[PDB]
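Listed next as structure tokens is one chain, alone, in the form solved without the partner chain.
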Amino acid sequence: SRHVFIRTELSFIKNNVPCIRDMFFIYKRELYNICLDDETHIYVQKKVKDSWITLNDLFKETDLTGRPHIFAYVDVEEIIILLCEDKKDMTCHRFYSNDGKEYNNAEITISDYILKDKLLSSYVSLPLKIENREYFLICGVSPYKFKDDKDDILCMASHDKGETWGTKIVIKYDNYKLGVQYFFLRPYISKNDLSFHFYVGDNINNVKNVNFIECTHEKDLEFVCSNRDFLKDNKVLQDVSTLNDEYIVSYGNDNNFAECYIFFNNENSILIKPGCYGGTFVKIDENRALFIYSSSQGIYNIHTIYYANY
């Protein structure tokens, strides 16, 4: 590591919509955000200048009840968002769009879906490339398992841009804990490698600790994932990403998240100090990334990071 370049720039973005949950993704060198607003609305927002602008509300297109699950898949030319209601068949609504502003409506359904027991949550991700096939993943985790049986994590995939979900991805997680709650399973597909970032409840300390597991390609459609250790004393793990083919991990000083730290390959460090709770990475390219949190209501501190190592 002869040459190491690190530089961060702080920017602020204001939003007129109070989002319960935030989902950020970049597309064609532009930052987007799927925002949930509770009449309940689901706005698609694009970042221009110093503020979020609302492009289109897609919840009004279906007229669901309550807050639905959101599965957004970003590709190089198209964006695909699925709104699934929170029976035996999964009822979703698949939206297609080559441009960011206008979306095509289409109601879909999955017969005898495998994720009836599993706890699923919202996330954005990109196609998972296996050989010459590209898959969209709807993943779930069983939120609790009293005694041992073993598909604790399983994803249903689609190689057709989300119209037929008949494909199944096996996730062999040998370290799934009995008698413990799992909360926020999201797949992290950097490059063409599958990874998972979820939460585990520690019943003796009463704390939700994040877990990160790397997956390898054992079989063509079956993966073997094991835990990756990012624990460091007196600091709570937050988010994980990859820059320069190296892990960049966000930490918090404590569970109050008064100040956030970012470590590059577990050696270099940057201290972020405004509450930075809810901060998440948005990878722009292989050497740039974003760090977005909301220190107060109606604003978003975005930290643009450049990391390099020759």
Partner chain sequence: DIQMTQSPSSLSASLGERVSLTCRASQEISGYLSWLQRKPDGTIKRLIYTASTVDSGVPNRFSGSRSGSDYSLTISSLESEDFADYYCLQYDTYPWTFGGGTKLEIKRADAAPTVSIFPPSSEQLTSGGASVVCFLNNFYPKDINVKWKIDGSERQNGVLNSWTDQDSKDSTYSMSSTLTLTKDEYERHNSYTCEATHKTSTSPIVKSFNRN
Second form
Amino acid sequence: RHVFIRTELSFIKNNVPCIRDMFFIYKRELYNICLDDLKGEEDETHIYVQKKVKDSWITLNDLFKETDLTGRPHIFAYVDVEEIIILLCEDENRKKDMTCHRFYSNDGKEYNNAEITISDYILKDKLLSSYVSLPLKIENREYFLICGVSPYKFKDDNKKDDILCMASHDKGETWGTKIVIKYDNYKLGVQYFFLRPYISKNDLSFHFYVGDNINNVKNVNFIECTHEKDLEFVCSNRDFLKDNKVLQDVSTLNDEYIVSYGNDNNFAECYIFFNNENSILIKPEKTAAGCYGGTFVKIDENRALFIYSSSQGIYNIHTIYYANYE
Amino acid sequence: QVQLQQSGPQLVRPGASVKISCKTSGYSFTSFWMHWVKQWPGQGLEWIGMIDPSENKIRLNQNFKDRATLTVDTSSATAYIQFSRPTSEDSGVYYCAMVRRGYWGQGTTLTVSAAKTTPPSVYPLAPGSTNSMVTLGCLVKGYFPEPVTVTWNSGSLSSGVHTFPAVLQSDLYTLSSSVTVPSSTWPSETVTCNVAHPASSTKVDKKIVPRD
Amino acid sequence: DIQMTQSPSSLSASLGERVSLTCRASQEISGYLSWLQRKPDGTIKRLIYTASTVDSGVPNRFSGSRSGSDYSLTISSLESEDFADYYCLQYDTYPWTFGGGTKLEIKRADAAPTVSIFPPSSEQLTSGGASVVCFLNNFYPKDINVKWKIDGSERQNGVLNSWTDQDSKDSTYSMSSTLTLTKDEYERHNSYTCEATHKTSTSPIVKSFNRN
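I've shown you the form solved without the partner chain. Could you give me the structure of the form solved in complex with the partner chain?
Full assembly next; the chain just shown is listed first.
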């Protein structure tokens, strides 16, 4: 009714090639957790914490130097008001324990670290993915969430064992709290990928991909969750599909949904809709680029970033402000 | 509950291929790099290298480039280090470890030598001439290789026993051990030193009789 | 390679004292420094990593710190368990490199050596050899000088010395000196003497015997 939108475009150069990006906001500053894993005879796996300074990423710390982990570990990063907690967990079954390396920091640069073990963890046989998250307040305590999803099911006797979360109330030291997710629209004979919780205004929701049998594409799904029992959430799907546009990412600004779309599965252009009304067009052409991988990074309830990698090493940062003027 | 059990001591001759094992349990063997560290005789530690069990990829200190070769068997969760053509320089204690986790094996002693295994000779040491305390001893001369153990009256006397480190001269070790007892119990009571050289399967007893 | 120079190489202190070991890196290692403890039984334990973080299960009397290129390990109150060997380890750049090590020993009051001299045994003499043994037992500090005299003339050829590690009970040291001659050259002389010079006495402790 009484809202306005402002956008600016900025660019960031990166000197290291990141196989995957994980952006987070710490004290209103943009950071990146960059997994660098070239497979050359001389190369080593790096997990850099980077910080935006001027128009370039500045590497602050290589977390991976502290661990003997092989492969590409799961990365679970959490931002509290003053603290950053990053977990590197072994990439996997027969074993019932998961070993993680916990990194802690009060600033963006200096990290303390130690090893933890989540013995007999209740996410056995669930698919885990890397993501950044916020604390979720249940009762009078705040929790960090590690959530997984069953990759595939033929028959589903219990619709509470499809999405399952492990929770910690001591800043990621111990993970003994089970949070039950009821998701009735979990489909049988369908493969699930890349489950990520989104937490905003102490509300829980999940963003993930679903594989398509007919066409060889992965479709974005988004479910919103309501808190019912203390440690139980029920989650239903939320439809964002629109014709001749492919759903990409979802976020919330000004207590409304903002949604990015691509024109096709190649993401030549990108459209961002605010409450499904006002839209802004992203043209990463001025060329040969695209807006694949575009994701929202929320700064506060009115300020958000939309980030995608134009070309190799270049990041397009669209800053979005959306609020009521009265 | 991580455990790293290495293989026992080995004595090989120069040029004979030798392999040391380190068997793991209590964790996913392929999820962590395995390191090898060498303890030099009478000196410090040196990092040999590390192996990735999941990729069979190796980062090796080039000081061991043509000396050590690292392997793994993921089916049995054991890491190996092998010296194909070992020399006397390769003697030392070898540790397997997940260094950045703090888990170390107990270590494996490797002795590379061409010297022939020789049984010791045990000689009494008795004074020639009093005081309230009398010091006895026995000399364990000309054996190979280490170690030998020496006890007194099958282990009865423990209060005042010293066993000196062996010294190596002409491919043979010599060692000495001393006991101090009151003049009341010697030679009024029996004092015998029990030497055991497991490498030569030698168990011999020598009683210390007073001199003329 | 990155050279880690560690000091002091040897240090003595009493129970409950505070000691500080320093490790200097030849180039920047960015705080990737670890401290390890090597106990007498060969087992190796990690104490500190990332310069100042104390590993779990390590007592709170251990700590680490950094000032520029210098990294230090501090033990605020020394306990009996803490006397062993210590190594720093940089794990910043391959190959990883250790410091030369620090041997930490216990400090106690001075104690004079108990000196005993033993003639060669007739067991050994009948096989051509002749070993004269001299025990210098339970002294402190560790430094001491033994000298052999045959008919009043100093002899150095054929002398072998062995030094015990610090005793776990009384925290003293001991040394054995063995003068090995053939039977024939041993018979050509009469007086045999070993003299021990030590901090605890202005004049040396003289023990001797005559072969008659």
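Only residues modelled in both forms are compared. By rigid core we mean the largest C-alpha set that fits within 1.5 Å across both forms. Residue numbers count along the first chain shown, from 1.
Participant: Rigid core aligned, which consecutive-residue runs (three or more long, every Cα at least 2 Å shifted) show up between the two forms?
Facilitator: In sequence order there is one run that relocates between the two forms, which is 2 to 4.
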